[PDB]
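Peer 1: Construct the entire structure; sequences and hints are all you get.
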Amino acid sequence: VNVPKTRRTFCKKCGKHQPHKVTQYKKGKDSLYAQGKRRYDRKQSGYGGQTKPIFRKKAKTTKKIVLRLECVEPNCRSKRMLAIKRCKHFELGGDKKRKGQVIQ
Amino acid sequence: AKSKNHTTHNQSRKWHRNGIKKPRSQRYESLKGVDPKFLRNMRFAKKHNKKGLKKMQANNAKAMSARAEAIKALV
Amino acid sequence: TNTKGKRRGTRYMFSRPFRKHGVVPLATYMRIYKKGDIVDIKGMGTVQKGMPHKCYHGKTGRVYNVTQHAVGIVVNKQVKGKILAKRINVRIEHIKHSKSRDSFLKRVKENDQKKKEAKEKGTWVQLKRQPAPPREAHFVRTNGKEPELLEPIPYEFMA
Amino acid sequence: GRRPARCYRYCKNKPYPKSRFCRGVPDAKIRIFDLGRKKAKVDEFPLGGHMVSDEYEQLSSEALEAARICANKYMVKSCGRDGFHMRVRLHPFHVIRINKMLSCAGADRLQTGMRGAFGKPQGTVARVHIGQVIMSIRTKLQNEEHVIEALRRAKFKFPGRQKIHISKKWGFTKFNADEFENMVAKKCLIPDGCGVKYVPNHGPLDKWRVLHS
RNA sequence: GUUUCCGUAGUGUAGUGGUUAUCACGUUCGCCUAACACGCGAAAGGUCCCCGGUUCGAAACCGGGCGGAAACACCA
RNA sequence: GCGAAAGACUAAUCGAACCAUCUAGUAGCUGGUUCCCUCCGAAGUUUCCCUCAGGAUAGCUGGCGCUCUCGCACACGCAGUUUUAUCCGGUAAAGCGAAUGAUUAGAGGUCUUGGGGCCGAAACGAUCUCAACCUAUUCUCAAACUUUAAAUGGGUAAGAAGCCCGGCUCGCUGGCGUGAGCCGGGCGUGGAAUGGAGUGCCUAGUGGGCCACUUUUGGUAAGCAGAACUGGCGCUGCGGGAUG
RNA sequence: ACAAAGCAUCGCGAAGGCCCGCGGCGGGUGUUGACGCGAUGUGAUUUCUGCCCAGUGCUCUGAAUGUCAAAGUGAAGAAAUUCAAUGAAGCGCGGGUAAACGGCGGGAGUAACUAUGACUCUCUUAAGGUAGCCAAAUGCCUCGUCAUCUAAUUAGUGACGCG
RNA sequence: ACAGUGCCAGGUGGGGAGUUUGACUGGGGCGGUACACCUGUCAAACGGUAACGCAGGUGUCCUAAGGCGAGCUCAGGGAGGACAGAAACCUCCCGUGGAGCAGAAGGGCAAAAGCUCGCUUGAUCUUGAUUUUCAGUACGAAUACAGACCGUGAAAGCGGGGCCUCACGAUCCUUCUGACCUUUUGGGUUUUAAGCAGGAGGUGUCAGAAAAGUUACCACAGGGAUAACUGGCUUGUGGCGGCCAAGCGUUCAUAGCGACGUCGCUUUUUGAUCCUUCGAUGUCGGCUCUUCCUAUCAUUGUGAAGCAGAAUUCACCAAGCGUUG
RNA sequence: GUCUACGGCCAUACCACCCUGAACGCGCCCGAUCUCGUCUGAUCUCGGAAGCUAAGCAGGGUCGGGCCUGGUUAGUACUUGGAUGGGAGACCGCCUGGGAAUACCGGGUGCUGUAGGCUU
Ligand SMILES: [Mg+2]
Ligand SMILES: [Mg+2]
Ligand SMILES: [Mg+2]
Ligand SMILES: [Mg+2]
Ligand SMILES: [Mg+2]
Ligand SMILES: [Mg+2]
Ligand SMILES: [Mg+2]
Ligand SMILES: [Mg+2]
Ligand SMILES: [Mg+2]
Ligand SMILES: [Mg+2]
Ligand SMILES: [Mg+2]
Ligand SMILES: [Mg+2]
Ligand SMILES: [Mg+2]
Ligand SMILES: [Mg+2]
Ligand SMILES: [Mg+2]
Ligand SMILES: [Mg+2]
Ligand SMILES: [Mg+2]
Ligand SMILES: [Mg+2]
Ligand SMILES: [Mg+2]
Ligand SMILES: [Mg+2]
Ligand SMILES: [Mg+2]
Ligand SMILES: [Mg+2]
Ligand SMILES: [Mg+2]
Ligand SMILES: [Mg+2]
Ligand SMILES: [Mg+2]
Ligand SMILES: [Mg+2]
Ligand SMILES: [Mg+2]
Ligand SMILES: [Mg+2]
Ligand SMILES: [Mg+2]
Ligand SMILES: [Mg+2]
Ligand SMILES: [Zn+2]
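Chains as they are written, first to last, in the deposited numbering: chain o, 2 to 105; chain b, 2 to 76; chain T, 2 to 160; chain I, 2 to 214.
Certain hints may be false.
The calculated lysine-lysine pairs, modelled on BS3-like cross-linking and capped at a C-alpha distance of 25 Å, are [unchecked claim]:
(1) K36/T / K47/b
(2) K36/T / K5/T
(3) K15/b / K78/T
(4) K33/b / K35/T
(5) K60/T / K23/b
(6) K97/T / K23/b
(7) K86/o / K87/T
(8) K48/b / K50/T
(9) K38/b / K60/T
(10) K60/T / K33/b
(11) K61/o / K5/T
(12) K120/T / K73/b
(13) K80/o / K65/o
These are calculated hints, taken from the structure and not from any lab test.
Peer 2: Rendered as structure tokens:
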């Protein structure tokens with residue numbers, strides 16, 4: 002699909018519609034010190050073998066794309082999430098699609 | 002190891018052995034499900050019935066004594 | 002196995018009857034409903050917002066709620082035995098006033114009237130309905146003809 | 002070739018007409034539903050001989066084939082190549098099926114038995130009700146006996162039973178034959194090649210102005 | 001019977017993503033040759049298997065069929 | 001371990017010894033499961049499950065009660081009913097000179113046009129012909145077609161929680177009124193037939209089903225496979241069908 | 001069937017090869033030393049031993065700009081830390097090897113009866129089955145075809161070979 | 001100063017260990033997916049209903065292919081109009097939908113839901129209630145409201161994605177976002193971590209195990225709930241036999257035959273099916289021996305012939321006795 | 001009798017053609033200054049009042065097509081229950097009740113609501 006780089010929508014903090022700056026979301030680097038990892042470290046540690054399950058059966062070929070909106074006005078800058086239905090193709094700011102032209 | 006796949010065979014018997022019951026309906030059923038702007042108002046109507054009970058009580062004796070006069074004028 | 006889809010088999014049910022595909026007549030959303038009134042759900046294809054679900058199509062129920070263009074309505078739905086009095090939200094285009102109620106309230110307005118009067122007389126009037134009685138011995142009169150003689154007619158293969 | 006007509010004699014399953022839902026149907030065996038002098042007039046062939054079914058059954062396409070031919074052969078005969086018109090009034094329309102012959106080689110090793118029991122089209126078949134016509138012939142009133150015997154031979158290519166009956170209509174129309182001449186002069190009926198057009202007191206008056214002019 | 005694979009010039013075969021069609025040989029015309037070869041220059045040739053659909057447009061994308069081929073039909 | 005190799009041999013034991021213990025190992029799977037009498041009395045269906053020989057939850061069952069009713073001349077309530085009103089329906093049938101889809105025949109049409117002809121240099125010229133269309137017609141069809149359109153059948157409704165007056169309250173609704181909510185009075189058997197009704201706890205067994213009328217899906221057919229509706233058999237003897 | 005002589009590869013100069021053991025500076029081969037020990041393959045003699053290193057192996061004083069950890073070093077921070085540079089073996093890359101595991105194809109036209117086809121065209125691959133041998137204990141079609149042996153032979157022997 | 005042993009790290013490791021190697025399934029295996037969904041039907045006119053019953057579709061795509069608002073009119077046909085022809089472009093007339101509405105079908109749609117423009121983000125923030133599968137649990141999807149912020153239009157209104165019916169995902173874990181939030185523990189300040197509330201990373205066996213084979217050396221619990229014999233039911237196929245009769249038979253339908261069709265029998269063929277048996281009914285042939293059937297090859301007696309004789313076919317009563325090396 | 005404005009039920013109102021419309025209105029119609037919109041004042045927006053019922057519209061007309069209703073088709077097709085009814089079977093008959101659809105014949109062809117006109 003295609004989405005525009007900006008959009009005006011509700012900014013939770015201001016209580017009003019305000020211009021936002023759209024960008025898609027990429028996961029963060031995993032901590033190594035979150036409780037889950039620390040636990041999984043020193044259980045998967047020692048003469049035991051593998052402990053927790055692991056996936057080798059993948060089914061779907063796409064993930065829900067998530068927009069990471071953020072307030073454009075300063076002092077708010079309060080980022081917010083937005084999920085959208087899946088797609089195996091995705092862009093930003095791409096070419097408003099031009100009704101009634103010649104397809105060369 | 003194939004098996005039967007479905008049936009509604011003697012089911013009519015079973016759920017009619019205790020005699021299918023039309024749901025017992027009382028007066029004064031629940032207001033849950035009515036639109037909030039109704040209740041959010043009708044609760045204020047119900048909450049301030051008392052403010053204005055003096056009018057109601059005296060105006061009740063007015064018709065109670067006018068119809069104690071209406072039944073006595075018949076007598 | 003069959004599909005659970007919300008509008009399966011309605012191919013023939015929600016279909017606008019015949020020579021009526023088009024604008025909904027404006028009377029159907031300018032009659033009023035108020036809580037207590039009895040209503041018979043009847044879906045309709047043209048309006049898809051606020052449709053009922055096919056198991057209520059043809060059923061009646063009283064009204065308990067009234068929003069801007071829909072009506073909350075309690076009907077009975079039988080499920081493997083136990084009948085559940087369940088309340089659905091149906092936009093008005095799929096709803097009529099059921100005259101099922103209105104035979105009575107006309108027997109009522111007449112019963113209450115025929116009792117207030119004939120009370121100044123004291124003569125007891127038949128207020129209750131009463132089923133079709135035996136047809137009450139009468140006469141038949143042929144005037145100057147005997148009846149017409151009927152005979153079973155001789156078979157012949159028509160084809 | 003084909004199972005004997007036994008197995009496909011009774012109307013068991015709902016009609017299976019040739020449509021987009023069953024395809025690859027072998028073309029019906031019988032093709033020509035009328036022969037003789039189909040270029041005749043109504044005014045020269047007053048004998049509506051029929052062959053009427055008496056049982057609710059099916060008729061194979063290949064049966065209607067032989068029943069027509071063997072009637073064309075006791076006709077053009079005593080009658081002559083011009084002196085009749087024969088109509089078959091059952092188009093094989095319902096498609097008959099065959100589970101795929103449970104084909105096996107040698108003794109066997111496998112056939113799957115019944116998985117996907119649904120079979121292919123094998124041919125076509127007519128549905129017939131009691132008191133519904135199969136064949137109809139028309140000749141001169143002179144030639145009655147030869148319609149009776151030509152239809153009597155076609156019975157022997159058909160399963161079940163069927164009575165031979167001589168109609169009270171004029172040829173192939175729907176109009177009782179004692180009335181034709183009366184409804185032709187005064188033009189309640191107008192010759193239209195084989196059939197005939199019933200003209201009522203309905204239409205525009207100029208439509209009349211053509212007739213009785 | 002089930003599961004695959006193809007079909008493109010006279011022939012064997014390339015090829016693309018949906019805008020174009022190749023190579024080699026064959027063949028036709030010249031040129032060298034005394035004459036053939038060989039060599040050099042030019043040439044002409046296919047509904048891209050038959051179908052219906054999708055599409056702006058299909059040879060190429062789907063669905064059916066036809067023809068040629070390949071792979072399974074084990075435990076008793 | 002040992003094997004010139006067969007998985008051979010290792011104290012009648014070998015694709016992995018014998019002895020005791022851990023050990024009453026585990027079993028959704030076979031087998032058994034001990035006195036009488038009395039009363040009530042099923043299921044083989046629902047959804048979920050590494051579920052399909054098992055469970056979980058639904059039902060169906062029993063036990064325990066309770067709340068009341070009044071046969072104590074002085075009853076409301078319910079119902080595998082039926083009437084009386086009143087909506088709902090797309091099956092049988094029907095139709096296809098009504099749509100869609102098939103399809104026969106002729107008459108009618110240079111409709112259009114053609115591809116062959118025959119008489120024509122050619123010519124809608126003449127006569128044919130066959131194709132496709134269409135103007136009135138006609139033969140026969142549709143489970144995945146429909147103008148119509150049953151029978152059986154599904155809803156409600158047949159009053160006291162109902163009507164009819166009077167009056168208060170509102171942050172909703174509005175030119176005013178709506179509407180709903182409250183308080184206060186005024187009035188009784190509202191179709192037939194039947195029967196005492198309501199409600200809460202625990203809970204076993206079951207979750208292989210089978211047959212017949214009618215309807216009906218595969219199949220050629222089956223004592224075949226698979227549904228509907230009721231009834232049975234399982235759970236149940238007796239008279240009859242010789243036997244079952 | 002195994003074994004077998006014979007033929008053949010393969011590791012190893014002793015802090016070695018193979019191997020045992022729970023552990024020792026422990027043991028077997030070894031009271032040994034390449035005409036020895038260990039590890040395999042085929043199976044006397046005779047006659048031969050054809051192509052293929054693309055695949056999987058094995059291996060190679062082979063480049064390791066591919067990657068790559070513990071420590072190690074470097075930097076920011078207040079510190080847990082965080083981020084840098086670097087880089088061993090094996091992996092990636094490049095040689096060798098089939099008496100290592102194993103592999104060794106499909107189409108048309110063309111000769112004077114017909115047929116067949118020396119001959120000539122494409123295509124593909126890592127090479128495309130060479131010497132031989134065959135309806136063999138290896139051939140589906142199959143009681144293959146011819147001959148011989150029989151009165152008569154799905155048997156036998158002998159030839160034929162798109163096997 | 002390395003060999004070597006002590007301890008950590010990476011590699012290698014069926015030499016060894018433990019374990020797994022789905023379900024449905026006309027027995028299973030191989031084939032499919034009826035394993036989560038969606039249309040039309042089957043389905044017997046409320047709803048609901050089965051099979052590896054049909055005919056099909058889904059794991060999408062959309063910055064507009066959404067939200068308003070205007071503005072028009074579509075497929076197809078006719079008649080015209082320079083190049084221009086069955087097809088370009090223009091113009092008029094007819095045009096209930098025969099087009100179009102991203103996709104399967106089914107419904108729905110006309111000064112629309114279709115096409116063309118201008119303005120946009122209601123595809124946003126937030127409680128509950130209800131419908132749909134249903135246990136009347138979730139998830140998904142949907143329906144009405146209410147509270148905010150808006151878009152649009154003169155406005156009434158409409159709009160919290162896509163005209164309606166499908167296009168999706170728990171716990172745990174991980175990440176991102178939100179509140180001057182809470183805990184971080186004997187106080188206090190900073191990091192860090194743990195909470196709370198929403199999104200995402202995924203389980204397609206789609207209420208959600210982290211998983212390859214082989215056993216003809218085999219084992220155990222069971223199963224006639226599940227095959228391989230027999231037997232039953234059935235009879236397609238196999239065999240045997242009628243009816244009609246177009247024809248063959250020089251001529252002549254029927255001496256002998258017999259097409260196109262059609263009605264049966266039979267259980268010496270194979271199938272289908274799975275009722276009986278899995279605490280076992282010994283599962284091919286041949287040898288021997290008995291008996292029975294007749295759908296008669298011979299012989300007794302006969303009728304038929306396209307029967308002169310001979311020979312030979314066709315048919316009847318007939319299973320007495322034969323049918324070999 | 002009738003129209004105009006806004007309508008309800010949506011063909012008894014449609015469609016095809018034919019005839020007649022006094023006065024009010026509805027319309028055609030005449031212009032592009034302003035408002036507004038176009039390639040074009042063609043449509044839309046606006047300023048009008050010289051003409052005409054030519055057409056829309058109204059009203060009628062057609063042995064008119066359509067629709068709306070009756071009759072017939074027909075107690076036919078079909079069906080709820082029932083039988084130790086018939087039939088080798090397909091199917092069929094009867095008992096107890098309900099009861100359709102074409103072709104074919106008739107009849108009809110818009111009813112009205114509120115507010116204003118005109119016929120004073
Ligand atoms: Mg470790
Ligand atoms: Mg058991
Ligand atoms: Mg239906
Ligand atoms: Mg059980
Ligand atoms: Mg070797
Ligand atoms: Mg070699
Ligand atoms: Mg190599
Ligand atoms: Mg060779
Ligand atoms: Mg030899
Ligand atoms: Mg011998
Ligand atoms: Mg030989
Ligand atoms: Mg192992
Ligand atoms: Mg299984
Ligand atoms: Mg039903
Ligand atoms: Mg619009
Ligand atoms: Mg809102
Ligand atoms: Mg839309
Ligand atoms: Mg401290
Ligand atoms: Mg073996
Ligand atoms: Mg072995
Ligand atoms: Mg069994
Ligand atoms: Mg058997
Ligand atoms: Mg002859
Ligand atoms: Mg069974
Ligand atoms: Mg025994
Ligand atoms: Mg005999
Ligand atoms: Mg103008
Ligand atoms: Mg006019
Ligand atoms: Mg006029
Ligand atoms: Mg008329
Ligand atoms: Zn903000």
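Peer 1: All the hints need checking, so say for each whether the structure fits it.
Peer 2: Each hint, compared with the structure:
A C-alpha spacing of about 18 Å is found between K36/T and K47/b, which places the hinted pair at or below 25 Å, so the restraint holds. Distance hint between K36/T and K5/T is unfulfilled; the C-alpha atoms sit about 33 Å from each other, more than 25 Å. For the hint pairing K15/b with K78/T, the CA-to-CA distance comes to about 18 Å; that is within 25 Å, so the pair holds. Simply put, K33/b and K35/T have alpha-carbon atoms about 17 Å apart, close enough for the 25 Å limit, and the pair holds.
A distance of roughly 15 Å separates the Cα atoms of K60/T and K23/b; the hinted pair therefore holds under the 25 Å criterion. Using a Cα cut-off of 25 Å, the hinted pair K97/T and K23/b holds, with the two alpha carbons roughly 24 Å apart. Proposed proximity of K86/o and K87/T is contradicted: the alpha carbons are some 33 Å apart, above 25 Å. Taken as a hint, the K48/b and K50/T pair is broken in the structure, with Cα atoms around 37 Å apart against an allowance of 25 Å.
With a C-alpha separation of about 29 Å, the suggested pairing of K38/b with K60/T is violated against the 25 Å cut-off. A threshold of 25 Å between alpha carbons decides the hint, and for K60/T with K33/b the separation of about 23 Å falls inside it, so the pair holds. Our distance criterion of 25 Å between C-alpha atoms is met by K61/o and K5/T, whose separation comes to about 24 Å. At roughly 21 Å between alpha-carbon atoms, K120/T and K73/b fall within 25 Å of each other, so this suggested pair holds.
Note on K80/o and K65/o: the hinted pairing holds, with a Cα-Cα distance of about 18 Å set against a maximum of 25 Å.
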